[PDB]
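Quick setup: one chain, the form deposited in one PDB entry, written in structure tokens, and binding and motion questions come after.
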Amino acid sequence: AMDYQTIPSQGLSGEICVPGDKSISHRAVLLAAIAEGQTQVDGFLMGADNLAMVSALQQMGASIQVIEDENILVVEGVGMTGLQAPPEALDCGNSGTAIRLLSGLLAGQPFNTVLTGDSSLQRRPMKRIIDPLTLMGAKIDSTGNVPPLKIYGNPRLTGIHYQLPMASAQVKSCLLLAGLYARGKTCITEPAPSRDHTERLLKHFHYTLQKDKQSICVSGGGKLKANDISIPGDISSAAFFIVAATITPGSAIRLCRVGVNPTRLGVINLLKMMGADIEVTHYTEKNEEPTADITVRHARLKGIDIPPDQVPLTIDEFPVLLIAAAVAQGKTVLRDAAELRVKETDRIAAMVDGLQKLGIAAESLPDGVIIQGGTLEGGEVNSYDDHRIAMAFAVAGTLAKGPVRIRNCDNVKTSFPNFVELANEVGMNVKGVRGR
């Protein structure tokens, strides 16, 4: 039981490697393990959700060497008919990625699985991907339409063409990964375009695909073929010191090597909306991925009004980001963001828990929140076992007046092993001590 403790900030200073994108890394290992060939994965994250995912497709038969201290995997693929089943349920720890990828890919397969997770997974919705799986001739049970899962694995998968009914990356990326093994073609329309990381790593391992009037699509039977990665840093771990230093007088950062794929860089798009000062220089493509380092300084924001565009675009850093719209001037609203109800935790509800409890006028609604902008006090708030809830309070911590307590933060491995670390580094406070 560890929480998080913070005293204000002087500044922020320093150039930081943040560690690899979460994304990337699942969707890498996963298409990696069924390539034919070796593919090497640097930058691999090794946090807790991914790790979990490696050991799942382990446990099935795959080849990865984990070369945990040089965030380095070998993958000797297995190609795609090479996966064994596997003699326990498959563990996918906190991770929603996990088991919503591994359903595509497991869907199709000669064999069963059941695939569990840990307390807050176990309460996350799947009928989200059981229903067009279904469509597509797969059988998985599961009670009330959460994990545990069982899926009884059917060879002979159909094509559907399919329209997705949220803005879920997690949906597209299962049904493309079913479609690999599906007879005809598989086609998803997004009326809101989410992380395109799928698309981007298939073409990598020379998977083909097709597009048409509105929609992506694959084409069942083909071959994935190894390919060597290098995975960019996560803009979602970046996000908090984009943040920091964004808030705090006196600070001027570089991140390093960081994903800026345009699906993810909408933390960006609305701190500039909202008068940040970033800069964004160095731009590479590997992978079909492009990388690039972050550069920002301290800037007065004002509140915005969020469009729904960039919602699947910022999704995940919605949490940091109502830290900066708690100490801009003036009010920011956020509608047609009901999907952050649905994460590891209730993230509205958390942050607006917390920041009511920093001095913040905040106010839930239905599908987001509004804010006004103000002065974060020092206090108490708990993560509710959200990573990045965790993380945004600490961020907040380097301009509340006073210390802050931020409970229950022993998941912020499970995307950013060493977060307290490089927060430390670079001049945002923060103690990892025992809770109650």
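Residue numbers count along the first chain shown, from 1. What changes on going to the form deposited in another entry:
- Among the listed residues (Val412, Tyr181, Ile348, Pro232), the one located at the hinge where rigid parts rotate relative to each other between the two forms is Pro232.
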The other form holds:
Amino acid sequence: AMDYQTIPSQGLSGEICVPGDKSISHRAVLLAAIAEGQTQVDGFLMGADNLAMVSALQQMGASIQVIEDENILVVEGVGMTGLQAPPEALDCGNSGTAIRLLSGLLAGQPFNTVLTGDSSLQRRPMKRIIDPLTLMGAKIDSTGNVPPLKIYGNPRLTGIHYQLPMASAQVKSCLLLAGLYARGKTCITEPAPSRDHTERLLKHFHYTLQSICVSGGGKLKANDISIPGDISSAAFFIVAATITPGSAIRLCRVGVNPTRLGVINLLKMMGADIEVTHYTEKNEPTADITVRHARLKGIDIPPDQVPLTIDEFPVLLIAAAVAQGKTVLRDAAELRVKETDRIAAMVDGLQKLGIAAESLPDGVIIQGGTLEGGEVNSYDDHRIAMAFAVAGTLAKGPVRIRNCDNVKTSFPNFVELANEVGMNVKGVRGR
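Can you give me the structure for the form deposited in another entry, which would complement the form deposited in one PDB entry we have just seen?
Lone chain follows.
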């Protein structure tokens, strides 16, 4: 509901999976919808952007059954040519990824589609995909190179070899999809190799791929898929179990990034008790994460990790609040407004929960202490709202978190997952 109310936890326990992120979730259902056969998708993020993708595919005749509370989809593929013109404009909500992937998928279809979304989405730039898509023969009308986009399906799409002056996995993913419906082969080359989840998903669905090249005329084969859990969503539970006495949990199949330091490792530096096991590379790289309660010490976050901490794992600041000593985030230069606002909200909430915290022009400083019960404002930022729900696990009293509407729309299963592991949170009427 509008506000979240928590009460202190007796200690977390149990095993859960957290959903994957938006990007992999979109790609999985999209590829499954045009495959032949039935695909069961586990770990599908059930937020508004991902369900907007689902409803769009259904408008075009896809068979997708949604089990929201279990993060499951069961897709009966309609084949490469089973999509049909939607009767109305496809509303992509706030999803830039949805509109861009759908533009690639629909450019080579033998029908027309209008793609739009909310006012935020109607300002998102689209030239980067429109031009390359036009080279393959796409007919995409738009004003100001932003949505709405009217795609006049071109069944005569032809493959292209594309040489980019800068890396971009968003363009690549779009062209790979358009390539599935284009004559000959479509190839994408970059100065440096960019992120490649689309490529692995294509292989998972048994499409042939040969820089990165794909050919039209091939066929997608249904194949069950378990989306790796988003480390950002998992971080909430990792911190919860780390700071709450008597806690022991296991997070199954969480996507792990081996090339970066990360939240698990920053937590380990604070003295956390985390075991990463059962590492596999057949999904993105995946692992089970076992977390037990552990006393923590404040650390100096290296500059390179400051933006990432604030952007992706602000719940790490909740762990700093209960550690012994101070934790310091100082970036080389003053932070961007998005970062500055985020830290100001975290600092203000922490202060309201009796923690000594100061915002800096290039970061923040947290004096480790004791979280008290009280009231904070999430400022409709789901990451902030969730971080304070986690602070509630150890707070001396109940914590009320105002304006949590965006948690339901970004990560709706948070509340049920929190409760299932012993972390008390319930939606209540606000203001």
